[PDB]
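One chain is shown next in structure tokens, namely the form deposited without its partner chain.
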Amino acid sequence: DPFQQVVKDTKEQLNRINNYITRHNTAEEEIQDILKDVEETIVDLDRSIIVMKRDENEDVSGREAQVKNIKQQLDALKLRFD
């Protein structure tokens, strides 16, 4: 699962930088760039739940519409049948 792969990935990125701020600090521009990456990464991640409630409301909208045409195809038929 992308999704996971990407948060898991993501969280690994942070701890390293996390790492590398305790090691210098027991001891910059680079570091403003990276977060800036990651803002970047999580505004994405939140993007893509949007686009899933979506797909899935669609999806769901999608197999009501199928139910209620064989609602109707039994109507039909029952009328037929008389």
Contents of the next structure:
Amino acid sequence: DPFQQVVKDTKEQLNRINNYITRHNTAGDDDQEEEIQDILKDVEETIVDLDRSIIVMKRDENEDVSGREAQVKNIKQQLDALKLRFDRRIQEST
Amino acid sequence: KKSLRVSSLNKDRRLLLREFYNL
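Would you mind giving the form deposited with its partner chain bound, to go alongside the form deposited without its partner chain above?
Now the full complex is given, and it begins with the chain already shown.
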């Protein structure tokens, strides 16, 4: 299933950046700061893809809409948790 | 050197996107 695959890719991408923030508390590498901002943007747009997939799939008599939109909610919460860590972290020095 | 991007993620995104019209 391609949707479940993206859902998994995204959680793991999010986690990867989360782990990085935990190991490099210091808001430094302008490179990785850009790279992190690039990936997070990519994720915002990936979540629009997932949401879109659900909307056009609502007629499909198998598909588990409510079970899928619940997984997208969760991913939005995860992204939003991390955008906060990132923003908080930037206000810590240099 | 340090590497954050997940492998296969662009490719999986393209599969999901290609399914979008499939009806």
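So that the term is clear: the rigid core is the largest set of C-alpha atoms that superpose within 1.5 Å between two forms. Positions refer to the first chain, counted from 1.
- Core-superposed comparison between the two forms: CA of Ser61 displaced by 2 Å or more.
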